[PDB]
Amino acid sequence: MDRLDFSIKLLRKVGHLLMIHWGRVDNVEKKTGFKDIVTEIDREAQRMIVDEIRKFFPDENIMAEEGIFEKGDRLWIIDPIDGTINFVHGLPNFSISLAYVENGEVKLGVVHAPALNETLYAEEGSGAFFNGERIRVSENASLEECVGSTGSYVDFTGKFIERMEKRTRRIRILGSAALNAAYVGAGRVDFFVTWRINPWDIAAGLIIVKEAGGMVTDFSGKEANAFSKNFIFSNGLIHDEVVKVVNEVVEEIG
């Protein structure tokens, strides 16, 4: 609809800005932390997205990973570049994420991968889409036929792949959280695990997976909410299995 179409068009527009500097970034500093990085393109992409929202939705709030941090019953969650590292290195797996939350709940989410021309999205009650076509989670009911995936987390990823690679086809590490979550919704992977990360980071992939028919919970199997920190996105069919094994990795890591 209105807000959704606006988002798709907006992220595709800004997506071209990132394409100009893709792989050719000069200023790269380690943002809030030490593991990840951030660039001047990050903020410039955010500024472009933020100016447009404020333009058509003046009385509404915004919340970026770095910079703007507001709260309201009409809130936009922006992540100018998810997979900054990939972006900087020239890997195509990076995306722009945008979610619209109203009255505390996610009403719609969009994830756009400039270099892959992949715009995945969904608005609650309307299903999940991918560049115009409907997407649904997979029907792979057992791990022997599943391709899972996870993020790069110290002490977690290695031991997680350690235990999982044995019971699945493959485990992928792509480098863009939002996209990977949307991929479960697209049905390209059967599950996606992401440890100790910011909750607002995946508001867009969450609604996409849920509208795609998937299941999203914390490492406890409990419905994923704004107070969860670890997330598990799946096709709902092999969730229990993934959850069990995830606690087996978190335990082993003390």
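Residue numbers count along the first chain shown, from 1. Note that the rigid core is defined as the largest set of C-alphas that superpose within 1.5 Å between two forms. First, how it differs from the form deposited in another entry.
- Remark: with the core as the superposition reference, the CA shift of residue 221 between these two forms stays below 2 Å.
- Taking the rigid core as fixed, one finds a CA shift for residue 56 smaller than 2 Å between these two forms.
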The other form holds:
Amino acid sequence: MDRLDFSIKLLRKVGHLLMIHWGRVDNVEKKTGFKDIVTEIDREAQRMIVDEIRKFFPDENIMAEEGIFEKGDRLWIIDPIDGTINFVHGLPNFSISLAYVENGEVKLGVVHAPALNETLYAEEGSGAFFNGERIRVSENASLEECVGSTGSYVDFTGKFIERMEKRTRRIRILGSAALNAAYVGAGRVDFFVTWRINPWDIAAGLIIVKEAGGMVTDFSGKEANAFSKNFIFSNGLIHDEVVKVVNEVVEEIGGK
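Return one more block: the form deposited in another entry, after the form deposited in one PDB entry shown previously.
Left out here are the partners and the other molecules; the chain alone remains.
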């Protein structure tokens, strides 16, 4: 609609500002370590976005990674650069994410990977799209004919590989949370699992996976929402096959 179209055009415009600096940001800043960085372009991109929303959606709230952490029954969740590390090194797997949550419910989601010219989006009840055409998660039902994905985490990643590497065609670690969730919605991957992520990393990828007929849940298999800590995105075919392996790894390291 108005909101969806606005979001698509906004992220597509800002995407170009990011291209100016892609792989060329000399000022890398650490937030809570060397694996968790931010740059001046993350902020500039966020300002560009936040300002347009604040302009057309005057009395609505914003929750943006870099700083703005408001609350509201009408909240826009923004990730100026999902995959800042990639962005800095020059890898194409980074994106801009914009979800519009109403009453804690994701009503719209859009992910835009600039260097790839891929714009995945979904509005509630309208289905998922990719640059205008319909997308639906894969039909794959056998883990052996599946390609799953994960993000670079503590001891989780390396272990989740060990467990999965056997019953799976191949595992991917691309670099963009939002983009990886959206890829399942587009049928490119079979499932995506995250750990200790904020809502700006998954709010958009959540409605896009479900509107594309997939499944989005926490590690307990109980349907997840924008405010869940663990995330499992899947085509809804080999979901449980994954729910298990994940907890198998979680227990081994420490959990419950």
